[PDB]
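Asker: Single-letter residue listing:
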Amino acid sequence: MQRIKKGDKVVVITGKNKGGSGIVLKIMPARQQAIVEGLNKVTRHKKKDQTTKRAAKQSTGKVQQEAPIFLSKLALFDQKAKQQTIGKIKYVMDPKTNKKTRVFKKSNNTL
Amino acid sequence: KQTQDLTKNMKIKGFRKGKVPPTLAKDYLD
Amino acid sequence: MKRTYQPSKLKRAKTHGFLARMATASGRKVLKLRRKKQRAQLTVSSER
Amino acid sequence: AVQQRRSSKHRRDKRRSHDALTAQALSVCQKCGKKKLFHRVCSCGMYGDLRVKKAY
Amino acid sequence: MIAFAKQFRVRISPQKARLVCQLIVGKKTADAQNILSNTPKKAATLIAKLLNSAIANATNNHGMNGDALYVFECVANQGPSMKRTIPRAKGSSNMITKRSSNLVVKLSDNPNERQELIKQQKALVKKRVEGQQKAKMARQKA
Amino acid sequence: XXXXXXXXXXXXXXXXXXXXXXXXXXXXXXXXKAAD
Amino acid sequence: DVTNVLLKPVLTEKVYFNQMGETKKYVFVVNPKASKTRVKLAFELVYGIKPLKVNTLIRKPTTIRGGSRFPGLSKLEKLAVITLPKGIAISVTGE
RNA sequence: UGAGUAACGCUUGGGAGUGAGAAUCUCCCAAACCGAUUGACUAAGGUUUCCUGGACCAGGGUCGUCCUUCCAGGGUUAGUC
RNA sequence: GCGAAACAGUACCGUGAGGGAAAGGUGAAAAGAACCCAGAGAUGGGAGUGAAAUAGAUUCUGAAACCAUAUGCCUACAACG
Ligand SMILES: [Mg+2]
Ligand SMILES: [Mg+2]
Ligand SMILES: [Mg+2]
Ligand SMILES: [Mg+2]
Ligand SMILES: [Mg+2]
Ligand SMILES: [Mg+2]
Ligand SMILES: [Mg+2]
Ligand SMILES: [Mg+2]
Ligand SMILES: [Mg+2]
Ligand SMILES: [Mg+2]
Ligand SMILES: [Mg+2]
Ligand SMILES: [Mg+2]
Ligand SMILES: [Mg+2]
Ligand SMILES: [Mg+2]
Ligand SMILES: [Mg+2]
Ligand SMILES: [Mg+2]
Ligand SMILES: [Mg+2]
Ligand SMILES: [Mg+2]
Ligand SMILES: [Mg+2]
Ligand SMILES: [Mg+2]
Ligand SMILES: [Mg+2]
Ligand SMILES: [Mg+2]
Ligand SMILES: [Mg+2]
Ligand SMILES: [Mg+2]
Ligand SMILES: [Mg+2]
Ligand SMILES: [Zn+2]
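Chains as they are written, first to last, in the authors' numbering: chain t, 1 to 111; chain X, 29 to 58; chain 0, 1 to 48; chain y, 2 to 57; chain r, 1 to 142; chain Z, 1 to 36; chain s, 2 to 96.
Hints may contain errors.
[Unchecked claim] Per label pair, the in silico range of CB-to-CB distance:
id, chain 1, residue 1, chain 2, residue 2, range
1, t, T43, r, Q132, 44 to 54 Å
2, y, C33, r, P87, 24 to 34 Å
3, r, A68, t, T52, 48 to 58 Å
4, t, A56, y, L51, 20 to 30 Å
5, r, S92, 0, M22, 41 to 51 Å
6, r, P111, y, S28, 24 to 34 Å
[Stated by the list, open to error] Residues of chain y clear of chain r, computed beta-carbon distances all greater than 10 Å:
id, residue
7, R7
8, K10
9, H11
10, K37
11, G49
[What the hints assert, rightly or not] The list that follows gives simulated cross-link-like pairs (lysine-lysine, BS3-like), each with its CA atoms no further than 25 Å apart:
id, chain 1, residue 1, chain 2, residue 2
12, r, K90, Z, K33
13, s, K61, s, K9
14, y, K37, r, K42
15, r, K27, y, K35
16, s, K87, X, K41
17, s, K9, 0, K9
18, s, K25, X, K41
19, t, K16, t, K96
20, s, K54, X, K39
21, X, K39, s, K87
22, y, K35, r, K49
23, t, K26, t, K9
24, r, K90, y, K36
25, r, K90, y, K35
26, s, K15, X, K47
27, y, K10, r, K90
28, r, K90, r, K28
29, X, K36, t, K48
30, s, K25, s, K9
31, r, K28, r, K16
32, t, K57, t, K73
33, s, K34, s, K87
34, y, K37, r, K49
35, s, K9, s, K26
36, t, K6, t, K26
37, t, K53, X, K39
38, X, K45, t, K53
39, t, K57, X, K47
40, r, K27, y, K54
Calculated from the structure, these hints are not laboratory results. Beta carbons are placed, not taken as given, at the ideal position from N, Cα and C, and that holds for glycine.
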């Protein structure tokens with residue numbers, strides 16, 4: 001299975017942005033990056049191009065989007081615990097549903 | 029009038045300018 | 001002046017063509033080496 | 002005939018010493034002011050007091 | 001305070017461009033434009049464009065007065081060449097070298113600019129020597 | 001306006017460079033300067 | 002029969018010049034291995050009106066995008082020029 | 001380096017226009033050569049070099065707004081050849 | 001280092017058998033320079049992003065030969081490995 005999925009809260013543990021909490025919007029497994037909302041804001045200098053019905057306007061100024069971040073820099077954020085902390089996860093298989101479920105190793109919280 | 033405005037340049041794939049079809053100009057460039 | 005090479009669609013194909021090379025034991029050996037060298041133009045048949 | 006010895010980078014410049022250029026003599030038009038080379042019609046076609054050609 | 005403009009891979013040869021470039025060094029702005037506009041040479045309508053752009057970005061970008069600019073140095077460095085084969089007689093062949101020039105024009109407002117360049121050079125040479133002296137004091141300290 | 005290029009390949013400075021095979025199949029002949 | 006010999010209709014200045022004035026001429030592209038009789042049969046089984054005659058064009062492949070880093074060849078086309086009888090004009094799109 | 005030297009491989013003048021820029025591009029008027037041919041139809045070969053529009057990285061022994069160059073689109077119809 | 005780190009037995013040469021190259025590196029991330037000025041435009045100068053733009057797609061470092069600019073000294077009666 002995978003450490004990071006689409007939707008769970010995640011934070012950054014290294015770089016200029018420290019303690020940046022966000023939601024993963026999309027995961028590229030092949031190049032090992034991850035788009036997290038609110039973090040790694042880059043500002044492409046949007047030029048003007050007019051060759052299509054939508055390109056006739058294509059209003060683009062200083063649009064701020066999301067830059068991908070390596071998955072190594074990401075760390076899962078705990079929510080069930082009263083005192084939230086950053087830790088590592090296991091891959092225990094509960095016989096109740098015979099489905100693999102992520103569980104933290106510094107606590108007993110599922111996912 | 030309106031069809032006159034839409035026949036200038038805007039060359040179609042298999043066509044040229046000027047001789048734009050009098051009735052068919054709303055299919056490719058819709 | 002009359003230079004050495006006077007092009008002809010028939011003479012070329014009937015002398016250095018695939019069927020011409022495939023008619024003698026010697027022709028098979030030359031074709032084997034050209035396949036060994038992985039020539040894109042194995043013979044003059046594949047002009048295009 | 003060809004040089005049996007190569008000419009250095011100093012003899013080359015000595016020969017080029019006479020290749021310098023000269024600044025062509027210029028004057029001012031008496032009706033518009035732009036500089037024009039002497040004894041020739043300006044850009045407006047107005048030479049002296051006579052309108053020669055139509056304005057540029 | 002140097003303002004400057006550049007042009008890469010100009011088709012004119014450096015040999016035939018330096019000849020025109022020596023006609024503009026040291027001249028005032030207005031006089032420089034007038035001489036280059038009426039000289040019957042190919043490398044006259046390209047330095048003129050470069051010169052005009054340099055004046056423009058001197059009085060707009062760097063904020064200069066505009067009535068004191070003089071051509072500090074206008075030179076045509078050697079640019080990358082292009083090699084072609086000219087077919088000669090009796091089956092031989094020679095190599096035509098299409099020459100290109102990298103043109104750069106620079107104008108200043110201060111008539112004493114050579115002195116400042118020597119000052120930075122003196123500062124760099126000077127900057128080298130104290131470090132040697134500082135190393136000597138540390139060496140004696142140990 | 002309408003100056004744009006949405007095609008995946010589009011350029012005005014087409015990349016090209018001429019090469020030389022150094023074809024110098026030169027020869028020579030005899031002469032009337034033979035001292036025998 | 003299988004109807005893989007009717008690949009694509011084509012609309013050019015020549016096509017529209019023919020496609021007017023009583024008898025209509027529709028130009029399609031067909032399987033390069035197909036014959037005139039197969040073209041007439043395909044038109045019979047998928048449109049319903051018998052062609053008056055069929056003409057065929059072979060456009061040879063040629064080099065395209067020359068000088069580009071990777072040059073490529075063209076694609077082999079067989080063109081068929083169907084001409085329906087006087088007064089009949091069916092639509093290529095809409096069935 | 002030789003050296004900005006040899007060479008640039010048979011064909012004139014002008015008017016108007018385009019263009020940022022024209023001896024070289026477009027039109028017109030002449031002018032000069034071919035005229036058992038530099039005229040016209042095809043075989044062989046060449047393989048898109050054909051037509052239209054656009055461009056002036058490179059090629060054109062100069063220039064170029066122009067090209068047999070490049071880009072985009074299009075073009076070759078047989079019972080009798 | 002295999003001829004071939006790239007689309008190499010390719011481009012190219014030869015009627016053919018056959019012969020047979022060169023060419024790698026932006027930045028952590030394109031965030032690949034919106035916008036202003038000159039210009040016909042490419043482009044350049046600012047601005048902006050970036051730790052660094054003298055890292056700008058000509059994209060790691062950038063040697064010498066070679067070509068130019070300049071502070072200081074010398075050089076136009078002078079026979080010079
Ligand atoms: Mg010198
Ligand atoms: Mg001289
Ligand atoms: Mg020859
Ligand atoms: Mg036929
Ligand atoms: Mg030499
Ligand atoms: Mg020289
Ligand atoms: Mg001489
Ligand atoms: Mg001479
Ligand atoms: Mg001469
Ligand atoms: Mg000639
Ligand atoms: Mg002449
Ligand atoms: Mg005559
Ligand atoms: Mg003839
Ligand atoms: Mg071609
Ligand atoms: Mg044409
Ligand atoms: Mg054209
Ligand atoms: Mg030229
Ligand atoms: Mg008939
Ligand atoms: Mg070959
Ligand atoms: Mg810069
Ligand atoms: Mg370099
Ligand atoms: Mg470098
Ligand atoms: Mg003396
Ligand atoms: Mg004496
Ligand atoms: Mg003596
Ligand atoms: Zn005047």
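Asker: State for each hint whether it applies.
Answerer: Taking the hints in turn, this is what the structure says about them:
no. : hint                                       : result
1   : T43 (chain t) x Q132 (chain r): 44 to 54 Å : holds (47 Å)
2   : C33 (chain y) x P87 (chain r): 24 to 34 Å  : violated (53 Å)
3   : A68 (chain r) x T52 (chain t): 48 to 58 Å  : holds (51 Å)
4   : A56 (chain t) x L51 (chain y): 20 to 30 Å  : violated (55 Å)
5   : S92 (chain r) x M22 (chain 0): 41 to 51 Å  : holds (42 Å)
6   : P111 (chain r) x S28 (chain y): 24 to 34 Å : holds (28 Å)
7   : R7                                         : holds (18 Å)
8   : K10                                        : holds (13 Å)
9   : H11                                        : holds (17 Å)
10  : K37                                        : violated (7 Å)
11  : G49                                        : holds (18 Å)
12  : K90 (chain r) x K33 (chain Z)              : holds (22 Å)
13  : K61 (chain s) x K9 (chain s)               : holds (18 Å)
14  : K37 (chain y) x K42 (chain r)              : holds (18 Å)
15  : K27 (chain r) x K35 (chain y)              : holds (18 Å)
16  : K87 (chain s) x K41 (chain X)              : violated (30 Å)
17  : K9 (chain s) x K9 (chain 0)                : violated (34 Å)
18  : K25 (chain s) x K41 (chain X)              : holds (22 Å)
19  : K16 (chain t) x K96 (chain t)              : violated (43 Å)
20  : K54 (chain s) x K39 (chain X)              : violated (33 Å)
21  : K39 (chain X) x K87 (chain s)              : violated (32 Å)
22  : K35 (chain y) x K49 (chain r)              : holds (18 Å)
23  : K26 (chain t) x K9 (chain t)               : holds (12 Å)
24  : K90 (chain r) x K36 (chain y)              : violated (54 Å)
25  : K90 (chain r) x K35 (chain y)              : violated (56 Å)
26  : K15 (chain s) x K47 (chain X)              : holds (12 Å)
27  : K10 (chain y) x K90 (chain r)              : violated (34 Å)
28  : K90 (chain r) x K28 (chain r)              : violated (55 Å)
29  : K36 (chain X) x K48 (chain t)              : holds (23 Å)
30  : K25 (chain s) x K9 (chain s)               : holds (18 Å)
31  : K28 (chain r) x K16 (chain r)              : holds (23 Å)
32  : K57 (chain t) x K73 (chain t)              : violated (39 Å)
33  : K34 (chain s) x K87 (chain s)              : violated (30 Å)
34  : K37 (chain y) x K49 (chain r)              : holds (19 Å)
35  : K9 (chain s) x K26 (chain s)               : holds (15 Å)
36  : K6 (chain t) x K26 (chain t)               : holds (6 Å)
37  : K53 (chain t) x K39 (chain X)              : holds (15 Å)
38  : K45 (chain X) x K53 (chain t)              : holds (19 Å)
39  : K57 (chain t) x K47 (chain X)              : violated (28 Å)
40  : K27 (chain r) x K54 (chain y)              : violated (33 Å)
The structure fails to meet hints 2, 4, 10, 16, 17, 19, 20, 21, 24, 25, 27, 28, 32, 33, 39, 40 from the earlier list, while all remaining hints are met.
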